[PDB]
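Only one chain is included here, represented as structure tokens and corresponding to the form solved without the ligand.
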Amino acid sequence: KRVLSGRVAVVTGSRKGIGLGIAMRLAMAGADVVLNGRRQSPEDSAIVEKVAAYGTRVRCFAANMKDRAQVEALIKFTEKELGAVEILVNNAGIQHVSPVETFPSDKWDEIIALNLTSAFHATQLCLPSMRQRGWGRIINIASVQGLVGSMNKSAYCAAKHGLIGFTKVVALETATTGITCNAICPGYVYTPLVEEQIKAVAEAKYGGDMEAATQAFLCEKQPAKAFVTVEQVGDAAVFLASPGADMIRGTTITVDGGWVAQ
């Protein structure tokens, strides 16, 4: 009795934050959801209850998306519990603010592996089932940082640009099938990833004042002067997964409050 009823979806990362909203909105649309995260159980029970409040099957998994073996384990676990993976949301990623000169190479490697190559592993593993079933959705959670650059985020911007290019290529390789591949480019969304940066800014320039730090953080980049919600990103993902997006391929849905428009 719902648009996504019976669909099995897999969110690869960000159990808290954007991944949470995406999972909630996919479950609201009737899809079973598997939430993957790099954490074990801080508040994961509350997250799973929030997702399962919509009466769909919900599962929780802990795979390091930098390890292809663990990505394959995640896919096979989803197949065992729910069924063939039909909606792959690649949302893993981290952030590290640093100028290029002092940017650690290990952090560059970590950001590339988690924000770019994990999507490659997950897509490579899930595409055969989607092709055999004749249907599939691959939604990559890119960033506005994948369309433009920001200071001291070289690795993140590179990985996000790369994830957009990968989206284009995958969409082209599947253009004639019922499988569509697209990307979402959110602006600032209040998440632990963004909360950490806000706290750093507050302690650096604003005497530890989180309110002023948040104000400056948004006013720098987002003309709307307000955060994008995880619910809105989830709505964008639901739209991309719906039949109306059957011919939406290789493009970007940007939810940024005007960040990129300027």
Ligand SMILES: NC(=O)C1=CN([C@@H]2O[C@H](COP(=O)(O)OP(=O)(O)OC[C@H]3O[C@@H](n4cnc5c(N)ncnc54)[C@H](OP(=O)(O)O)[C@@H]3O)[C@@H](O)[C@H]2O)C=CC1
Contents of the next structure:
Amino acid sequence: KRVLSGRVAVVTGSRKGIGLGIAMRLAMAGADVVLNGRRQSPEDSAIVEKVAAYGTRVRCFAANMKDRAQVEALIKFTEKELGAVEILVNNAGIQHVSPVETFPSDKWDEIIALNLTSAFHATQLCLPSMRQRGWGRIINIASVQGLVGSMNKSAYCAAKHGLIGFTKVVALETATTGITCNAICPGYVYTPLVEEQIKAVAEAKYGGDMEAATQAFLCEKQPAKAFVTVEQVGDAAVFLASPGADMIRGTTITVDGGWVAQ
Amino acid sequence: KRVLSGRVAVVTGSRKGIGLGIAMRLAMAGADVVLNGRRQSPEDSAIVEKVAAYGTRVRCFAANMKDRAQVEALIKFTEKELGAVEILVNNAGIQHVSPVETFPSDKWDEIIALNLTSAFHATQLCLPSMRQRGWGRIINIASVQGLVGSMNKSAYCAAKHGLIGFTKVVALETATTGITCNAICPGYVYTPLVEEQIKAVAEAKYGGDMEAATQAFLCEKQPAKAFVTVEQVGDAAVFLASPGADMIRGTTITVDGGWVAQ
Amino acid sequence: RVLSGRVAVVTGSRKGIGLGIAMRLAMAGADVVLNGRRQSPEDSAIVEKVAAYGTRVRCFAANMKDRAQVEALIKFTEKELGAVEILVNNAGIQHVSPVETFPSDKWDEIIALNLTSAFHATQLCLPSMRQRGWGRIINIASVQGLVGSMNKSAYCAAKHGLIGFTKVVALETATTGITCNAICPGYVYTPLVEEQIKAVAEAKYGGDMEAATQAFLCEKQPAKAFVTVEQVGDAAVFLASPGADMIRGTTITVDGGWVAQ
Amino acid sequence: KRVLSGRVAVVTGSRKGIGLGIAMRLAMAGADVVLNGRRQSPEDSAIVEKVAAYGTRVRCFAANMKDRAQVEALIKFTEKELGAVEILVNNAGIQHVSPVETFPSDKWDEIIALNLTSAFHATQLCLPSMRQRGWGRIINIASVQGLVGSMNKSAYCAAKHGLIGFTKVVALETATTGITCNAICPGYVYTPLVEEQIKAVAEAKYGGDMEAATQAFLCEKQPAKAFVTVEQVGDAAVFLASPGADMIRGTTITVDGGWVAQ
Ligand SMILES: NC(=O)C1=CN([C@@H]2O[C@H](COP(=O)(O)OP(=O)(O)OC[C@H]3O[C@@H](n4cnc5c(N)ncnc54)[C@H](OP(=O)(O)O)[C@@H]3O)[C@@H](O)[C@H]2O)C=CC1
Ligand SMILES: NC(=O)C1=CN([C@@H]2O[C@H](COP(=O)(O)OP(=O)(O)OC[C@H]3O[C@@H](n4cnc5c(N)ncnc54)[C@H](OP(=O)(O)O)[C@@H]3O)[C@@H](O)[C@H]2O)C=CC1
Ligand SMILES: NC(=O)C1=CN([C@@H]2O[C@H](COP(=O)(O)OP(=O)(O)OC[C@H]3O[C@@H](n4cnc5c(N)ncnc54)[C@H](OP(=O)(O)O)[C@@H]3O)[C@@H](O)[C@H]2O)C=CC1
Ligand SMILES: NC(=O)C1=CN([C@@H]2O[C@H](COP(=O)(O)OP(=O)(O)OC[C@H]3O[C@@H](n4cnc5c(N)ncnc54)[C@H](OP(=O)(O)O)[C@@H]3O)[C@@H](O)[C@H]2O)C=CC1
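Structure of the form solved in complex with the ligand, please, following the form solved without the ligand?
And the full complex, kicking off with our chain again.
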């Protein structure tokens, strides 16, 4: 047996990036895991089998988290295939870089919908079963951008700040139960979400030099002058899901190479 | 004669409650002021005359801040009547008290729309002029609930946390200019928004005794065991609009009787 | 003039931020006692400059690291002007060093002045404020009390501690007419900062103070401009005013955006 | 075999309370551990046996952490007996409850000396070896009282806030190395430090009723209405010491039953 053996986890947006790192670490720690993205992909079999390599039950369910009916379908699918959702990781999220004056109205709305409101919908749908069973984990993937601001990220900083506020309330409403709710706040992790920003910097300011752009990007914000890894974010999710975190409630686990310390 | 003399200010949701207090204190400090609520009222002329007793130019314009077109209409009306909007106070806000599990989906969306997204829309519309003119104040009325959580207020805490995150980004994007953006975080103020909550507490737990319910309501959260006043919130807005706050950027002015200190 | 008649003491206030605060308090109508370690031939001129605003101004020499001298400053104020109603704990020092080589004596001195002396002064002033039903304790912290910076371990510790102390004092007085709050400035161009820029200029920029000043400022302060002593003074006046009767245990951060990012 | 196998840890003030829970959890995770208190005790051998139950090397060294020369002796003793100090846990701490007006000067000084300055001394003495070896963990046991204030605990809140500020600086000065520095912020844990406080309020206010005193003590501050355990604080220290925390730098891990979330 392992520390999360028998626990059923759902990780939204988890076929790539940080979500896949979290799903891998939870499965390595013994949890059954449901993967998720917007639409079925040819890679689903290979990604399921990668996560299943550690001897737990793994599934994959395509669902757009901005649609509350599809969030519900994801949860019901998990209940049918594996059992009650015990660990919910709200991870799916998007970014759009723009000054406030020209920030597209629909991009603002989309970031709020996915990065904040979808976590509320999923949490609302999962809490009754967790309360009935006397146990739960809700793990929200926020950001350093939920604790401080950065230029040209108004919608994202707003949504991530909001997600941290939501985390606090859910934790307080469950504080006398076996359900906890907490947020992980990563600094920069080298995923496509960050790669696309570095590419824009490279083209705009460094003649296409990705190495120069990466160092500048990273060093503007992250004192460690290194990226956080998806595995490290997964390790924080395992820690929050473990029994040693039974009394960690409504807080942020910041994994950011020193960004918020300065 | 007075520190804000000749400044043109728009205060959203300002015919009653905190917004009216803010409009009054800004006018007292010399600002011309545009009042605002969702729909025209028979009291509009009386409320305008009350604010106009401070000897500045006062107007009133009905505009539902959840409708971006009406936000634009409010700004355009102010520009036509008084001149460019120099001080923008994003104050209009709503509350709904409910546990997360039963929180109505459309009330969540409404709180996010007004308490967060409306402030983004108004700020977006006002910033280009402020940059051209070399001066501006964006003052966001957040809450202690933007810095900590409280039970049964998930949507509101999320929106107010988000508003504070938005404040930081706007301030950073304008940091080298004469435009500042900051948030005021009141604790409990005795307005209808709070009176309705106390009424519910009185009915549920105190047999209708509003005095007992008020003391319990206050002393749960607010160490001063007294309410903040609308005038005190207005005085914080006057401070933020004044030359002494030229280098106050991206921060919170918390007026809460000690709530966040503990 | 919103502070008419109030007696204020500003520690370390013959230059820098403290002088800016004393000036603004006097402009707002307060009587003011200036302070520094040792008597200065410039004392008379500095008092006259603050007295230009028509209030009662005194100067008393007292090393704030010596509790007995802190007491002498409070007693002097009580006999000369009356009860201390506004206490501004401003005197402070800096020492820049990596942790490994931080001198033990400098660590102790920074804690003693930047944190413990504020406790001593507050303890001595609170009984009178409680008796009279009114008081303002204003602690000059820093952005370094909310975030860390390299080579400033003792100072960040002391300033963090001063903010913690502020919260407790405010909570213990929350149902009274006494408030306690902290002001957190970012960089202000005083000798405390100029000495650091000089060291940077010599180390990295061949002595060029204009280049060094920009590099120093822009490392931390998004406004790319200094906060001014007048602005810090304006924050003190705001906290001392009736609009701030319910501002308790908080930080007023005047920092050009430093803590926002 | 285990995650901290081969690492040499020193935990100050570790023969009872949270320090012992941390020492136990570090040894369970494979670390060799040096225990410490002010003076030799007849109980020392039994405490060593408790920690040595997990099959690692254990030592005990009496040293008053307020005396820099004894701090140095503890480090040199560890270097002689087990090897280079790789994990430093600054845990020893004291409390004194008093209003500010009557807070004894000597007590204030003692709390600052132990709860803040001792950690600086120990960190200063351990950092050179850690830098030479390219690895280290400095784990500072702060408190919720380092993030918010509580009545009658002025010295302690000041020292704990200061410890968190110190943590940030050390982390920033080491951010590009394999050395991290972080703080753990427990809420209430039922150690002798808290039990003595509850006994005192029980006699002074609750007629000797320890159940009533405990209910009031906890429920004033801690939404979970339950104590954090020494084992949970130990688990957080193990997490910070593990490779998954290589990029956790200058932050707080708050284990508090929701105290700071509200
Ligand atoms: N990378 C970083 O530096 C940091 C990232 N974060 C946060 O971590 C989380 C993951 O980010 P990262 O892995 O970097 O981003 P990626 O863009 O690399 O991966 C995004 C993931 O979200 C999924 N997704 C996007 N939209 C939806 C949707 N509407 N419904 C369901 N799934 C969706 C994608 O699935 P598919 O494309 O298959 O539909 C994909 O799995 C985000 O919340 C981000 O804010 C936080 C801090 C730093
Ligand atoms: N009261 C408190 O204790 C605290 C309040 N706050 C904040 O202060 C702000 C004001 O709160 P308070 O005065 O207490 O609330 P009130 O309910 O007392 O007044 C609400 C105001 O908002 C206006 N309003 C509501 N919806 C809209 C809309 N869609 N478009 C335009 N105006 C609108 C109302 O105008 P009309 O009805 O005329 O259309 C009214 O003027 C809010 O942002 C709230 O979150 C923050 C902290 C504490
Ligand atoms: N400058 C900045 O960028 C910032 C400064 N601060 C804080 O503002 C406060 C003032 O700093 P600043 O004005 O910049 O520093 P300065 O060095 O310019 O002035 C320091 C003042 O403290 C007085 N002083 C020093 N030691 C003692 C003592 N032992 N007893 C009494 N008075 C003493 C000096 O008086 P004399 O020499 O006449 O005895 C002098 O008036 C400090 O607490 C500092 O930490 C906070 C944030 C930013
Ligand atoms: N209990 C709680 O609720 C919380 C505690 N904390 C912190 O956790 C840490 C431990 O607290 P707790 O375990 O509760 O306190 P305890 O009083 O139960 O244990 C205190 C420990 O510190 C040691 N100690 C005291 N003074 C010295 C000294 N001068 N030199 C060396 N060792 C010393 C004692 O050793 P001996 O007596 O054997 O010399 C004892 O082992 C402290 O830093 C405290 O602030 C933080 C948050 C909450």
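Residues that one form lacks are left out of the comparison. Heads up, when I say rigid core I mean the largest set of C-alphas that superpose within 1.5 Å between the two forms. Numbering follows the first chain given and starts at 1.
Lining up the core between these two forms shows that one residue from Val34, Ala29, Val230, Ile47 moves its Cα 2 Å or more, and that residue is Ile47.
Lined up on the core, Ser14 has its CA atom moved by 4.4 Å between these two forms. CA movement of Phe61 between these two forms equals 1.2 Å, with the two forms superposed on the rigid core.
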